[PDB]
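Colleague: Here is how the chains run, residue by residue.
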Amino acid sequence: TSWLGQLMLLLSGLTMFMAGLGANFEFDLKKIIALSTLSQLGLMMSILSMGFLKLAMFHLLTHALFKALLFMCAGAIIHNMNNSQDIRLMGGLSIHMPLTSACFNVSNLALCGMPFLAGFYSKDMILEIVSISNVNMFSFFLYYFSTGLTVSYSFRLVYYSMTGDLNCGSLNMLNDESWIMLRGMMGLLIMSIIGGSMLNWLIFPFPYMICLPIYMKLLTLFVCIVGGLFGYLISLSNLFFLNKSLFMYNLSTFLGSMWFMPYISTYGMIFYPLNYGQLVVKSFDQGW
Amino acid sequence: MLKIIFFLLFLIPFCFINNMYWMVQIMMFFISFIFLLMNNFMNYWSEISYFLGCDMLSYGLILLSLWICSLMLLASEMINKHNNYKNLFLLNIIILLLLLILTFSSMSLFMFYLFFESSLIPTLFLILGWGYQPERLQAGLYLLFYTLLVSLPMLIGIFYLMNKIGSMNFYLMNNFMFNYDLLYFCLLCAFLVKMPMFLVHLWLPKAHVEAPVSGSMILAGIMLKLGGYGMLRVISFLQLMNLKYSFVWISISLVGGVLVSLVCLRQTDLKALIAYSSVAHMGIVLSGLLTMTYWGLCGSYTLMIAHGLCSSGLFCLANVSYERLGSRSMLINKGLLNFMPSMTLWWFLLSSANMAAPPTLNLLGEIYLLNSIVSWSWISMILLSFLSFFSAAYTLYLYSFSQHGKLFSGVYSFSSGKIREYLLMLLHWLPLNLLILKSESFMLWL
Amino acid sequence: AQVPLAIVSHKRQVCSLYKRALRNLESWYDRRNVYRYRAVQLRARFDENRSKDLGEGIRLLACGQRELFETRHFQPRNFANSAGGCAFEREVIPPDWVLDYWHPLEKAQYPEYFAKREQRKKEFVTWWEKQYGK
Amino acid sequence: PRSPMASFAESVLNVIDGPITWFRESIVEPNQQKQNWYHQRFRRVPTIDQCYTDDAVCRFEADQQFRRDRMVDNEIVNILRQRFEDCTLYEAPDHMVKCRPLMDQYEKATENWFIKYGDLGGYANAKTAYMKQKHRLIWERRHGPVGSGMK
Amino acid sequence: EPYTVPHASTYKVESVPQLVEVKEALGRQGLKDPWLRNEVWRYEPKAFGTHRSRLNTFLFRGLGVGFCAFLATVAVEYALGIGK
Amino acid sequence: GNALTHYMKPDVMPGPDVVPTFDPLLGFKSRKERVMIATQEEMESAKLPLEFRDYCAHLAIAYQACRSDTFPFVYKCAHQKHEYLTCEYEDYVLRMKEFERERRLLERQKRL
Amino acid sequence: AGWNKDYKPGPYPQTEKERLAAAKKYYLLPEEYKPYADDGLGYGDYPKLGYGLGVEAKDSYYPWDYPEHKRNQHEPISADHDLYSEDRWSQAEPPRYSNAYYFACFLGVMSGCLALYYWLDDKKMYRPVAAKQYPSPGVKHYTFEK
Amino acid sequence: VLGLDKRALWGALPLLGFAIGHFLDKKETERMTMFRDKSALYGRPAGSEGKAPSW
Amino acid sequence: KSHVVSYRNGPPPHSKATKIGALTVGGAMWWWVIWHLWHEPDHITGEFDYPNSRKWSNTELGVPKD
Amino acid sequence: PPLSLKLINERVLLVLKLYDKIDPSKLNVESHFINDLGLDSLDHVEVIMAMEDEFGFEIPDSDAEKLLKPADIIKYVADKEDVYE
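Protein chains in written order, with the UniProt record's numbering: chain U, 242 to 529; chain X, 1 to 446; chain R, 2 to 135; chain B, 4 to 154; chain D, 7 to 90; chain E, 2 to 113; chain G, 30 to 175; chain V, 2 to 56; chain A, 27 to 92; chain H, 68 to 152.
Errors might be hidden in some of the hints.
As the list claims (entries may be wrong) - Below, computed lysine to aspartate or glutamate pairings styled on EDC-like, alpha-carbon distance capped at 16 angstroms: (1) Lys12/R with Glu132/H; (2) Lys523/U with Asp68/G; (3) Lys33/E with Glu86/A; (4) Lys147/H with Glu90/R; (5) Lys90/D with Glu66/A; (6) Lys82/E with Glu73/A; (7) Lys135/R with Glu124/R; (8) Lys523/U with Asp111/G; (9) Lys418/X with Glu323/X; (10) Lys27/V with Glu47/X; (11) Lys20/R with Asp128/H; (12) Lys99/G with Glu90/R.
I should point out that these hints are in silico values taken from the structure, not numbers from a laboratory.
Just chain U, same shape as in the assembly:
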């Protein structure tokens, strides 16, 4: 009800936008999933600022379901690699890891927004409510642009992991016979297929009504299609292409470092307080 709604919407929008781009440059499997988590948190914070509780709560539970599954998949993948999170080493896991890759595919699609998975029921209704209410022009663009970005990096990760040709080391422990790890995963996997629809009939004693023109209701799917193609297609390469990330070196370093936030918060700040400790003790506790 107050000015804080104005601010939270802006800050949240950047958070979901920034990691959306950051996820398209990071190369650590463990980190890409982390920015993915953070990117969707901004989505809740923004819709939450609109004034809706069930929508935020509904998506929150949905996020926990499949996002936990993704990390479980990553742990199995990494442990079979030589403890390396980098995606540039991995590749071709769709056949070397049948079961784990299948466990990932469902989770990734849930993030993508394939209709009637866990994520779709939450992402859809949220985007629809955004287009129904009185939103900011800048906020609206970030909402839908991030969804394109959300699918972009996700299939970018598909290429570097499953469809991409193998790029590992000479000695590879590729194996998918860890049943003890797998049984726990199928608990989440079942829920990620029914968690969405189940909660729709329970969370909402008064379902939201929506009636929007076709050329916006279909925008959520269309961007997801563009994002999936754009993320996948651009990920490809050849011998005589242009390393666009290298060419715009300054921009890539900016977006690949999360806008220098780690530097700002870890190397641009700690120098000053710690020096002050010396000047005090140097000049008072053993000086004046």
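Starting from the known structure of chain U, fit chains X, R, B, D, E, G, V, A and H onto it as the hints suggest.
Modeller: For chains X, R, B, D, E, G, V, A and H alone, coordinates are given in the frame of chain U:
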């Protein structure tokens, strides 16, 4: 109340009989239990005996000392192991405890002062007698001379109050309000020293770093409280004068707390770092105390109890590490999680309490001083945010740096932790939590 | 053993710069087919300078090093199991002397193992005395 | 039990309630003894105004009486807070219309509480509270009610 | 034993069409790749498949069976008079 | 649609969540009235949230009657959900017509 | 083992003969040794070492006596080692850009988008609809059709 | 389970101090009998008073 | 440190359980998605027509005649 | 799993044989790179890079100067993996 005093007096001869070191603590622990049963106190004084009473304020501080002074004997088992004048050592604590019990149980202001400082000399013997490093001299004087220099002028301020009130008894004093500027400085600059205030704390890092483990306990455990306890009794009739100069003390302690926290981050000595952590929290205690509000007073009483148990607790752990690694520097002490993993648990809980972590009694008191200070002036939110932030910055550095990393290379083989050490740590922390259940008693002294 | 001497020949500075240059190249072009293509070209640039005077070479390294640093990747690859890697020395193993402080009943769970260690202790002293002159 | 689960819900509530009621009725209640406990009553004592400036027992009498009355008055506010506390939970979503009178009772009590014990801090005693009243009344007749400023 | 080290003679650069694309480029540029026979093992089709096979399998694994189950689901629904 | 037109020619676009500014009976020979179905007691007894206490309440109450009748298997009440949504769709249309009416009228006054 | 009084720094060195003993006293060859400026806050004759990119920039693969500190047996320790330690303000490689550059970009972007968002706060895209007609007493809500 | 021996027999001496300490202050309360059942807040009603004084 | 290791080679064959599981997971997902599209095709497109406000006549809104 | 020494001997030689600027006949455990096999310094760098990827770690540039024959490389990898069998 005399039940306690005469119990202690007749335990003095146990110092002389041989092979009675361990039979002493049990008599010291048992009396705590007996004292723990006689809680029926109120804001006003109760159980009068010739000049000795006890209210809810004095009770908690007395009971804190009996607990702490009992743990001193557990901690300083090395004195028993090497028969290093243990009999004299025991007599020092039994005498010291009696001075504390009288100091808090005294009903008249002159008495409080009489045993206020008199407890110092048993402490001073403790530092010189059983301290390792050569600097216990140059730290023995600081403790004695900062205190005496500011306590002797307080004696004049006490006598000047007879000729106006006609008596010392605390209740009769509260009926008056004095307007003389110097008198204000002759009854608070004497306690502001012992708190300590940031600019007159130069004795605290020296006394604590050099004193033995037991001396560290009582110095950090009860001596810093006698300054705090004294203020709670003498701002009652300095209310008017307190309003003209409080803003000087609040600013110094608040800014003093922040600056010391940075100083903590640049320390490299465990004993030094814990000692400087005492000044940080004691700045909040003093700050809230001088706010004079109901919350700032009850909260300050609470935090003094909690902080003493914790800072006393953290001095146990530094002694444990120092006893084996032989050096108290942070560089030597690394990765102790990989030598003494069972010990590292106690490091965390005592460390966590120091940073106002729940559900400790420390967080209850700190919530309150924070409330009073904020109500005093919304400008206090600036550093009060910084101080609480940095008050965890060094605590993590203290814990993480000493427990986490890869082990030291030059260290020679040493014993692992013993049951005595674990039992000592439990008695420090475990009350610090369960006390939250009955904060009813150790909070509402007003 | 041998402790490396800090002095590094100019020939070695070129060697190291070549190794860093190639490794940086992998990060930009992950794919092996592309990497091998570009890495070959990178080696060509060095052979077109192999026939030059050292003093001229001093000028080459300076711009050769600066351009590398000016083109450093924002997320350079490492090997997870080695110095700087994300998974380097995760575990820490205490010194041997820990074992000797076990409670005697604890030692009874591995009587063979502690039987052997005490035979080794006898050998170790004689080994240590000879090595360091006792 | 029109709902399926609610039909199952009541089944459990029978299982957890059945034994405890039996246990309460079978062992605890039947075996206990009859005994009554009473409620402290305090005879009102002279206020601080009657006390002389030299006697301490009479001041001590009133200071304790003031403190006991403070507790009663501290928490008569607390009870009124709990009423508005409970109405907001027992009347939602339409709770604004019903809690509004309760909050009006609460806010008035706070001001009367703050006019009496307010701004004394710790060490507030019968003498200080009474003397605030004397100064307050003098200002009232001279400058009117507080909040209007001086003349 | 954990594995057996195959012989260098087995790996022939002409097997992998992708690597051979590199050589014709280097010949045009005038260079030669020594470390090319190493890369061959990564692109063995029978054991690693191609880009097309890995993509088809990854996205549509079980789709054929998934559809077949759905037809049974529609069968039961029709036999329960639900679809209409 | 969009809302730049409101920025560039605000004289024509009524604006966000516009409350009607013309006489409701203007331009109408008559326009019939609107009738509640659910009393205050009925709304309160079912704890109907205040933002849902609009004209559709009775259908919403019917939804809770059925939904509570088969909980948790609320899919056995999917039919009832259709009507409540079927109705609240009408209100959105009425709000739409209410908007266009004002937009069309607001244009007329500019012309004259 | 000795004590602190037996190891505290000597007064600032003034002579070459004094410098050489001072360099000896810290196990340094006479060329490394460099006392602090002695403005008045100096550390006496204590050396000045490190102060570079930090400890973590030291060679990791060298066989250090103390790998944990990345230090040798009797080697002295920089007076500010607690600040340039591996976990404190240090980096493995020189930063890509000047320290000023990073702050400008992040804040420059942030401010550049704060203004844009707030400038559009009025121009909210709204669907073409009137307000909820919540039934209020004594108020007249109609339906369009006759 | 206590693990106490004959040395704890000396403990009776400190317990002796407890009883002596208890006795004196108990004797002191018997010296405090001039507001006993006379204060305005607990004073007995004037007339027909209990034989034994409370406390 | 998986007990399986392969040198310059694809991993060994797969047990029956893993082979089946991959299809069951992937197959189960698709079965769910298809069924919802079959039975609820009105959620991807609007379940309610968005009315063309322009199509409305001036009279039905009661627009007075100029 | 344990990396047998015999495998290290096989793994090293496999890489060298695949390297096209070396002789498969001269190539043996004892041969020198720059002396016998006519390897340049830059060529010797590329070989180490293959060794690094072959076994999965960094061979420091300072310590690569001790690796002047495949036996030394075999010894190095054995020392790092402490497989002395």
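Colleague: Hints first: check each against the structure and report whether it holds.
Modeller: Checked hints:
1. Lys12/R with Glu132/H: Distance ~12 angstroms between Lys12/R and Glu132/H Cα, so the pair holds.
2. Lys523/U with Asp68/G: holds (13 angstroms)
3. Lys33/E with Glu86/A: holds (13 angstroms)
4. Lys147/H with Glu90/R: holds (13 angstroms)
5. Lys90/D with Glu66/A: holds (13 angstroms)
6. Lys82/E with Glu73/A: Holds: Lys82/E and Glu73/A sit about 13 angstroms apart, inside 16 angstroms.
7. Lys135/R with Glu124/R: holds (14 angstroms)
8. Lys523/U with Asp111/G: OK: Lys523/U and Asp111/G at ~14 angstroms, within 16 angstroms.
9. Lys418/X with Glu323/X: Given that 16 angstroms is the threshold and the Cα spacing comes to 12 angstroms, the pair holds.
10. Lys27/V with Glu47/X: holds (10 angstroms)
11. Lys20/R with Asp128/H: holds (8 angstroms)
12. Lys99/G with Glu90/R: Roughly 15 angstroms between the alpha carbons, so the hint for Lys99/G and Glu90/R holds.
Checked against the numbered hints above, the structure breaks none of them.
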